[PDB]
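A.B. asks: These are the residues of each chain, in order.
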Amino acid sequence: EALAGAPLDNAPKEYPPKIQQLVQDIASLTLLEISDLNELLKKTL
Amino acid sequence: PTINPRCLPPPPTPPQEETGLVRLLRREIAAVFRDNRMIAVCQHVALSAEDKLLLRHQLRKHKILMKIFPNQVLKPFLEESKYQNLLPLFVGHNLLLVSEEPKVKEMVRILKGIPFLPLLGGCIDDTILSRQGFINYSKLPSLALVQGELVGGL
Amino acid sequence: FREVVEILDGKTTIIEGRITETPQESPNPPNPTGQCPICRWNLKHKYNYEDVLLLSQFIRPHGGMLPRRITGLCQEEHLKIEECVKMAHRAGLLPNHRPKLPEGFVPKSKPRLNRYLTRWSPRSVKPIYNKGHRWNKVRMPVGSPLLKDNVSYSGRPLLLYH
Amino acid sequence: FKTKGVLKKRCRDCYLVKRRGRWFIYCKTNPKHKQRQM
Amino acid sequence: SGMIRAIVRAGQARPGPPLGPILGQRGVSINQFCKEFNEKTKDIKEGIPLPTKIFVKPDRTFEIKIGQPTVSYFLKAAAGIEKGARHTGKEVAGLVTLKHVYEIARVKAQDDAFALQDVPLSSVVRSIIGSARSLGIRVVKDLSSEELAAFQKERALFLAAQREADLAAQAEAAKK
Amino acid sequence: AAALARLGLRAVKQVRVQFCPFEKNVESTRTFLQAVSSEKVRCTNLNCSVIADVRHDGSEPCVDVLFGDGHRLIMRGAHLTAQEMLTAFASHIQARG
Amino acid sequence: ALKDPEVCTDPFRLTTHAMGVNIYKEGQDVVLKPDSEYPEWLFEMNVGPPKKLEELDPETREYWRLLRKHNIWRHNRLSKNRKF
Amino acid sequence: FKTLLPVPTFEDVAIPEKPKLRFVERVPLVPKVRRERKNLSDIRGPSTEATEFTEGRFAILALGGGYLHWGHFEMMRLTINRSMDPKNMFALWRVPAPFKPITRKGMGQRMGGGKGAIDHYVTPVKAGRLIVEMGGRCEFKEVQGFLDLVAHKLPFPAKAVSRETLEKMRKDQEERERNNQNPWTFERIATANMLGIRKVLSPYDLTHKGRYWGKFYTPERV
RNA sequence: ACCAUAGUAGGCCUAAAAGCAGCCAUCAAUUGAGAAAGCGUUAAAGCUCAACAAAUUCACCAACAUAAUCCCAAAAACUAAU
Ligand code: FES
Ligand SMILES: [K+]
Ligand SMILES: [K+]
Ligand SMILES: [Mg+2]
Ligand SMILES: [Mg+2]
Ligand SMILES: [Mg+2]
Ligand SMILES: [Mg+2]
Ligand SMILES: [Zn+2]
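Residue numbers (the deposited numbering), protein chains in the order written: chain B1, 10 to 54; chain BP, 58 to 211; chain Bh, 35 to 196; chain Bl, 63 to 100; chain BQ, 17 to 192; chain Bb, 2 to 98; chain Bc, 55 to 138; chain BU, 30 to 251.
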């Protein structure tokens, strides 16, 4: 395996793709699941 | 002889045998790269013996340790490992900083107290950072603060 | 090849290195399995001080010789090449590899005396005032012993001391 | 100088150098170490 | 202008050797040291050696910092012997238990030499054992009063034999 | 490092080093930095500040020096060797002093 | 004239109290605690002679620690013929 | 970073009492009142006595032949005693005390009359005979340093040699004799009496194989 | 090249013996460094060499003055040699 390329701040434009897919997965949920997701996070954290 | 042996191709290369000392460094590097969450590299600079010992004492106050490994047994090990991207940082003189429960707020402050001790980079929790990344990581809040604000934004 | 440029611009000095394109080795050598460059082209025991085309590839632009580490020659051949370059310079060959000194060229001196195969240096040999008879004869050296292994088509050994 | 047969370094700062067809022991710290091969 | 390594008794700075010629050579009067060092420590008994660091400054002023006593005095006092063994290894000067070495470790753990490095407790005790190797005092796992008492009598007899031998040795050299 | 100590670094005002450690042609810059930041060179004037600027995508390993006379010596060391950089730095000290 | 202070000679107190530890005038002798309360690592060190070269193990820094010391001894002996 | 090579361990070597060299008398206790002929065959040719190590591991090998008298013994004894460690070094003589008388007639007199009076005593030494043998618990490099000084001042040329070095130069004197590419050798020509060469050669040249001429030994001749 | 910090003036010894008259021992901090290999000090201090790291052409050894009437064939490193 290999690690990341260590992007710099001179041309910082590429965000991690794992974050982006988490945004899409979160946005793909109903408001009822928002409360369930919130309550589980509050209980754990 | 018809042809001088120097001009002839070299004989088959004898298999070099790794001694105990070399193998001892191999596992220690593996150990220090396994159970430690923060691995900060630095350019080792020839300082005063009293000043060097003082730096050890000051880093001891924050549970930060520093070790030195020769490139003869470190470059081949990191090449086969998952931290191969740190090879350009291990070309010349180097110094390694090791810490548990990473916290660079008290580490950069000591580094900035001496203007001639560069901070090249390092890997924090399997993530390679530059000096600017370390500075941004220093100003960043802790896990409890960030996660505590995470639920607020959601 | 790399060159260093130093520029003075208003009490500010700028020093930078620029890379110049370098000629490469010829594609097909007759002996690909050789180690050192001399024996890779079957030039072993086949060059002399006259071979300017060979000695001009292992010398600096100002008459110096490149180190053995960069060239890769074996120690045995490197000394022979070093000896030939010294003999080549004294022989009058390689006129473009001398340093340039505009002030020193104007005051001409005694005309150069043509010479070749000079083992020693012109300023470090003393006259043989007492030569001696045949049973104890002081022989003037010519050439170098490092070149006694060269191929002899005639078959007679080279007369190094005469 | 000191005309001698075999050249030896009396101190670690002596450096060998071949000039005028002979080997000379030249020393910087101690001038008394100057030796000349005959 | 430099550093001076001097061992001085607690509050007993004499206006002579070895303090006089050494400290006065750099340009510092002894009467200054008769007040600074003597007042520096007043709860420490005199006669106990104290390795002190003196930093002489270019303006002929000085700074004093006091460290823990030497290992030699601690082990000799712990073993109850007035001096170390003349021939280390051949003879044993004193016998001490592991408590004496372990207890000394805490006292020296705060010394500027060891406390600065933040050495573990196991680090100091090994050094004391190593110092005891050349001091002539053997570390003992555990002993009692009678075992220690027997060593004292044997050591006294051997010391008495050497004490009278030295007097005879000095007489032979002078007469001959 | 030993050469700079004997030549008197007291006439140097400020030295800064800007390099990208993740590049390939910065090894020479690293060697220059360690030589000028040695203990012997430091113990010659207690006012000069040595600055080790570290970047990632700068792609310009450079060294800037200011002498007491007021000249600005800046050499972008990317192809130069460590010996060349030290020799040039040492040469200017004698001339400007 | 400068001599160490007089030391205790009673075997009972020396075996139970370390007199040399207390250097303060106002201090007192520290009483010996039971050996059970003492940490176990102080009863594990090499009381006797130091470890030889063979008692150590090649897969241990102790062997290389001693071998490094021996190399200096070998180099020092060969340097006895220095003319400088 | 380098390689920590193991160091030699010397624990089986025992230092005998009085490790320093024994004093040698100038004249043997019983003088020889009869003057004998000055044999020169005791120098010519290779040595047959004391050619191998007995106790020590270092010795001075005599490449040539010559005479040793009381003066040379003092130089060898004093130099070694003041340069070695008595605790780690012990030395042993490999040559006897001077026993062969040497005659010197009076200064400035006509030839004749007879042999003169005995002047001093010498010890004949052939080629390949060890002179002083030293052993101990130390490496050869430091022993070689102060042995070449003693070997240089001997009459015959000599070297400081050890157990490993002596075997290497004897194992190379055979390889150089086995791989020789010259069809003709001194051993072949002399023994077979080729070219009538026996008229020029000496009867001792059959055994010497051409490696010995007078008292001089040339090790490079095959 | 580069680089030097711990116990610790180790015990003994001596007027003073701080790695460095001698005797004795030769353990031990630190990833790394010998109760010391050399120099130096009245004794200290100090310089240097081994050990850190850095880094990697090769490196055993081989040096020896002069005579008397005026030096003494001239000269030549390759056209083919049992
Ligand atoms: S290695 Fe073949 S001639 Fe150089
Ligand atoms: K001789
Ligand atoms: K001493
Ligand atoms: Mg150790
Ligand atoms: Mg070193
Ligand atoms: Mg003369
Ligand atoms: Mg003539
Ligand atoms: Zn010198």
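Note that these hints are calculated values from the structure, not bench results.
Mixed in with the good hints there might be a few duds.
As the list claims (entries may be wrong) - Per label pair, the in silico range of CB-to-CB distance:
{"#": "1", "chain 1": "BQ", "residue 1": "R42", "chain 2": "Bb", "residue 2": "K41", "range": "20 to 26 Å"}
{"#": "2", "chain 1": "Bc", "residue 1": "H124", "chain 2": "BQ", "residue 2": "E170", "range": "32 to 38 Å"}
{"#": "3", "chain 1": "Bl", "residue 1": "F86", "chain 2": "BQ", "residue 2": "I80", "range": "53 to 59 Å"}
{"#": "4", "chain 1": "Bc", "residue 1": "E113", "chain 2": "BQ", "residue 2": "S17", "range": "49 to 55 Å"}
{"#": "5", "chain 1": "Bb", "residue 1": "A2", "chain 2": "Bl", "residue 2": "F86", "range": "40 to 46 Å"}
{"#": "6", "chain 1": "BP", "residue 1": "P127", "chain 2": "BQ", "residue 2": "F174", "range": "48 to 54 Å"}
{"#": "7", "chain 1": "Bb", "residue 1": "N46", "chain 2": "BQ", "residue 2": "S17", "range": "17 to 23 Å"}
{"#": "8", "chain 1": "BQ", "residue 1": "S143", "chain 2": "BP", "residue 2": "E163", "range": "27 to 33 Å"}
{"#": "9", "chain 1": "BQ", "residue 1": "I82", "chain 2": "BP", "residue 2": "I171", "range": "44 to 50 Å"}
{"#": "10", "chain 1": "BP", "residue 1": "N193", "chain 2": "BQ", "residue 2": "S143", "range": "40 to 46 Å"}
For every residue, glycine included, the Cβ atom is placed at its ideal position computed from N, Cα and C.
A.B. asks: Each hint needs a verdict: does it hold in this structure or not?
C.D. replies: Each hint tested on the structure:
1. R42 (chain BQ) x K41 (chain Bb): 20 to 26 Å: 24 Å, holds
2. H124 (chain Bc) x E170 (chain BQ): 32 to 38 Å: This hint holds: roughly 36 Å between Cβ atoms.
3. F86 (chain Bl) x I80 (chain BQ): 53 to 59 Å: 55 Å, holds
4. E113 (chain Bc) x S17 (chain BQ): 49 to 55 Å: 51 Å, holds
5. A2 (chain Bb) x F86 (chain Bl): 40 to 46 Å: Given range 40 to 46 Å: violated, Cβ gap about 31 Å.
6. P127 (chain BP) x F174 (chain BQ): 48 to 54 Å: 52 Å, holds
7. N46 (chain Bb) x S17 (chain BQ): 17 to 23 Å: 19 Å, holds
8. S143 (chain BQ) x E163 (chain BP): 27 to 33 Å: Hint holds: Cβ distance 31 Å, inside 27 to 33 Å.
9. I82 (chain BQ) x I171 (chain BP): 44 to 50 Å: Violated - the Cβ-Cβ distance for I82 (chain BQ) and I171 (chain BP), about 29 Å, lies outside 44 to 50 Å.
10. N193 (chain BP) x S143 (chain BQ): 40 to 46 Å: Holds, at about 45 Å.
Going through the hint list in order, the structure does not satisfy hints 5, 9.
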